[PDB]
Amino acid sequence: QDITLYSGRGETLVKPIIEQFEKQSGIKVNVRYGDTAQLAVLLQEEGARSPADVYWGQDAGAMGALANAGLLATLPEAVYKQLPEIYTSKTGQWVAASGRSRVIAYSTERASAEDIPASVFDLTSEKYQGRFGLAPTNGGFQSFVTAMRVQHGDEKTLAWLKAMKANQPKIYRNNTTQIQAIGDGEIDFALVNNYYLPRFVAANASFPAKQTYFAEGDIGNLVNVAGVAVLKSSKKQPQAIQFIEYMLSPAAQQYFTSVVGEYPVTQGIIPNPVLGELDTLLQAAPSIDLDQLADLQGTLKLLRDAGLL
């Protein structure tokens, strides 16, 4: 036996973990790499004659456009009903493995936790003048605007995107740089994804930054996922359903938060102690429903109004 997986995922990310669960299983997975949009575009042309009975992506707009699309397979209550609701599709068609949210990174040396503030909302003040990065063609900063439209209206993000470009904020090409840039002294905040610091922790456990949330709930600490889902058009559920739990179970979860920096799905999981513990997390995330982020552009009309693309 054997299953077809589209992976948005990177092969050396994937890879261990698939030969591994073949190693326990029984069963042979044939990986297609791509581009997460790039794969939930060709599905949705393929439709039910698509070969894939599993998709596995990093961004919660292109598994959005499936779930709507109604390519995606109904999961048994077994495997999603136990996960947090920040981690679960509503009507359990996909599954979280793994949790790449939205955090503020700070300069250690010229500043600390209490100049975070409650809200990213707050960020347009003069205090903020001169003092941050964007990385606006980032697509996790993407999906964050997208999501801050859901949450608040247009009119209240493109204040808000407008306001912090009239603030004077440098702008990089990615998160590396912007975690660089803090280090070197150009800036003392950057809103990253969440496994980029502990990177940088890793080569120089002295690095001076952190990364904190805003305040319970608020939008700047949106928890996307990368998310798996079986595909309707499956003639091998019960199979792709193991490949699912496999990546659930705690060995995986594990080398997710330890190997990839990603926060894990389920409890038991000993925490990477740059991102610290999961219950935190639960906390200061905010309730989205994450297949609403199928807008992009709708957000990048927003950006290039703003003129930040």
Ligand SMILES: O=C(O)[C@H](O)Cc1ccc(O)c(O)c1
Contents of the next structure:
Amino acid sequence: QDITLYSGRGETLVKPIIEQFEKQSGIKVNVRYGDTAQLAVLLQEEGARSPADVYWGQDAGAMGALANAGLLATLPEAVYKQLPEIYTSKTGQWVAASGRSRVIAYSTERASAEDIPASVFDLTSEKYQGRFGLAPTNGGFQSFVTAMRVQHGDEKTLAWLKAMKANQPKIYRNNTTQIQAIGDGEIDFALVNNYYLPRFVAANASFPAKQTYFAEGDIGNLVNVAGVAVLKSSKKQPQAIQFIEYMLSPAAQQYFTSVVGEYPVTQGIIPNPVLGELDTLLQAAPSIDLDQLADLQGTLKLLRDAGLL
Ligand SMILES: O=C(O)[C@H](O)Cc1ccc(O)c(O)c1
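Counterpart to the form deposited without the named molecule, namely the form deposited with the named molecule bound:
Up next: the whole complex, starting with the chain shown before.
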């Protein structure tokens, strides 16, 4: 037996996972690698003619476009019903294999957890002027802004963006350079995806940055996801589902958190010490329909209007 996977996830991440799945299941996985968003475009072009059985992406916006297009199979309840609601389609059209959340990183030399305000909205204050770094070209930042729009509307969101721009940010290419800049003393705070700082702490246990959450439910704690789904057009849904269940298995989940530095979606995983307990993330996370992150173009418009792009 074989299935076809369209992977928005990189081969160096995916390959060991699919190889162990193949070894255990006897099912071969033929993978087309690509950009998360561009593979969702391809799937919409292929429609019912797609050869794909499984789609695995690393941004909820693209998955949402597939869900809205009617291209995803409803998963068995046995796959999704036990997962936290931040990690599943309500109607069972996809599940998170791992959590890719927004956090706030801070200098351990020049700041502390006490400096972190209740809301991401509070970073426009003078207390933070010139002390934070933004990466407005980062996909994680952008989907976070889309989530802020969904939760709070454009006017609040644009006001925040402008106030953040008026607060003298330093502008960086990506999360790695933002975190390095904390180490280097250029900035004391950065809005980042959760899985970069683990990489620094693994290469150097005493890297002088930690990361943490805003208050419970704040949009700054958004949990994006590396979502996986079965195509409605698949004629091999049992095999596709076995693949998904493999990725939710303890060995795969432990790998995602220890090696990839993303949050697990299940209990019983030894936590990455940089991330801490899954229970804390569940308390921190905002309630957001991730399928609503599909509106990237509206977000890029607001960022252009704020002068951040
Ligand atoms: O494929 C990748 O680049 C990474 O696994 C995921 C990633 C991390 C941080 C980002 O800002 C991003 O856009 C993607």
